[PDB]
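Undergrad: Work out the full structure: start from the sequences and follow the hints.
Chain by chain, the residues run as shown.
Protein chains: 6
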Amino acid sequence: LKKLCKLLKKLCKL
Amino acid sequence: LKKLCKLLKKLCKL
Amino acid sequence: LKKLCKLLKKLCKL
Amino acid sequence: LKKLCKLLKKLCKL
Amino acid sequence: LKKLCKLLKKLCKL
Amino acid sequence: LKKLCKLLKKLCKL
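Protein chains in written order, with the working numbering: chain H, 29 to 42; chain S, 29 to 42; chain Z, 29 to 42; chain D, 29 to 42; chain Y, 29 to 42; chain V, 29 to 42.
Hints may be right or wrong, so weigh each one.
Think about it this way: if two alpha-carbon atoms lie no more than 35 Å apart in a straight line, the pair counts; the simulated DSBU-like pairs of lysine-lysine are [as the list claims (entries may be wrong)]: (1) V:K30 / D:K31; (2) Z:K31 / H:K30; (3) V:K30 / S:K31; (4) S:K30 / S:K41; (5) V:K38 / S:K34; (6) Y:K38 / V:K34; (7) Y:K31 / Y:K41.
It is worth saying that the hints were derived from the structure and are not from the lab.
TA: Quick look at the structure:
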């Protein structure tokens, strides 16, 4: 869940 | 689901 | 997109 | 896909 | 978040 | 992100 959320965070920041 | 998937597709254009 | 990412942010903070 | 959906389900327990 | 999670649930059941 | 987006695309094939 920590890894998925950081990827979602990167997806939204891009 | 059509709208959501459209938005996810746009996110995945990065 | 802005709304979706705000929701994903909240989901991930929960 | 099975792991991702399991993670999404967990996220959605809020 | 309720609506989004209902959509993600539907996406994951397929 | 490439892997996550591939999974989201497949999920969106429904």
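Undergrad: The structure should be examined with respect to each hint, and the outcome stated for every one.
TA: Now for the hints, and whether the structure bears them out:
With a C-alpha separation of about 16 Å, the suggested pairing of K30 of chain V with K31 of chain D holds against the 35 Å cut-off. As the CA atoms of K31 of chain Z and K30 of chain H are separated by approximately 21 Å, the hinted pair is consistent with the 35 Å bound. Restraint check for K30 of chain V and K31 of chain S: the C-alpha separation of about 21 Å stays at or below 35 Å, so the hint holds. Distance check on the hinted pair: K30 of chain S and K41 of chain S sit about 17 Å apart at the alpha-carbon level, within 35 Å; holds.
Using a Cα cut-off of 35 Å, the hinted pair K38 of chain V and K34 of chain S holds, with the two alpha carbons roughly 13 Å apart. Taking the CA atoms of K38 of chain Y and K34 of chain V, the gap is near 18 Å; set against the 35 Å cutoff, the hint holds. Between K31 of chain Y and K41 of chain Y, the direct Cα distance comes to roughly 16 Å. Compliance with the 35 Å bound is thereby established for this hinted pair.
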